[PDB]
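Asker: Chain residues, written in single-letter form:
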Amino acid sequence: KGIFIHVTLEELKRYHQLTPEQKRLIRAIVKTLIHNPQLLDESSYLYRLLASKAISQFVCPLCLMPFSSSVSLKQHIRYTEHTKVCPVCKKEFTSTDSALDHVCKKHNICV
Amino acid sequence: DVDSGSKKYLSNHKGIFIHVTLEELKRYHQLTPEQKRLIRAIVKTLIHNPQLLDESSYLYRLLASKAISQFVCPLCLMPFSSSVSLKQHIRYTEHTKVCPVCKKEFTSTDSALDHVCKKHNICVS
Ligand SMILES: [Zn+2]
Ligand SMILES: [Zn+2]
Ligand SMILES: [Zn+2]
Ligand SMILES: [Zn+2]
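The listed protein sequences correspond, in order, to chains A and B.
The first sequence runs contiguously to residue 128 in the UniProt record's numbering.
The second sequence runs contiguously to residue 129 in the UniProt record's numbering.
The following block holds chain A by itself, in its conformation from the complex:
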């Protein structure tokens, strides 16, 4: 007896091509999260940060999207990032720059 995690058919056959070791690590991680659901918001963030970090070095701390260059990351932060809520802790702000500052200072995610 157990639970079904509603993954797509591709991801399901992809899943079963992983090694038992990778597979028990995965279900060990979901068990940690079931026991500690307060952990979900933040591990979701970090797993997505590290995911984006694999695509490019230049990642946005608020939206977690990879960019080609530091110039384009700067241009996105300058005109295209309007998140007023820190994705890890959900603290709300008056400014996206303040949100950027908070994520760096409190959470260690800096550009």
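If you're looking for bench data, these hints aren't it; they were derived computationally from the structure.
Ideal Cβ placement from N, Cα and C applies to all residues, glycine included.
Hints are supplied without guarantee of correctness; some may be wrong.
[Stated by the list, open to error] Computed spacing ranges between beta-carbons, pair by pair:
#, chain 1, residue 1, chain 2, residue 2, range
1, A, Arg-31, B, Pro-37, 17 to 27 Å
2, A, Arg-31, B, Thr-97, 35 to 45 Å
3, B, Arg-65, A, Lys-107, 14 to 24 Å
Using the hints, position chain B with the ligands against chain A.
Answerer: Relative to chain A, chain B with the ligands alone:
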């Protein structure tokens, strides 16, 4: 009635069957729809980037330390009372040359620091 060697687990539409005990089974269907969504999103990310499984021990030790204190060292993941005591540790006491995440090696622990910030995005003053 059981059928252990059945191969329809491979093509089930409900998806990945994670076997679980009675306590956490009920505790799973006690989660909000939003929490269940996050669990799926993480599992999907882990499926598409399986090297994050090898970095997971670090991630959950980071989070555990961050709960004890805001001031944590990226190389050893140990909490400190203040920022002043944290950078006393980094300046004088932290000697690891290996990145706790990717296992790449360096000349100085300061090069190890810059690396963990530049390519893993975990940064400290
Ligand atoms: Zn962004
Ligand atoms: Zn926050
Ligand atoms: Zn340390
Ligand atoms: Zn590394």
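Asker: When the structure is checked against the list of hints, which entries are broken? Sort them ascending.
Answerer: none
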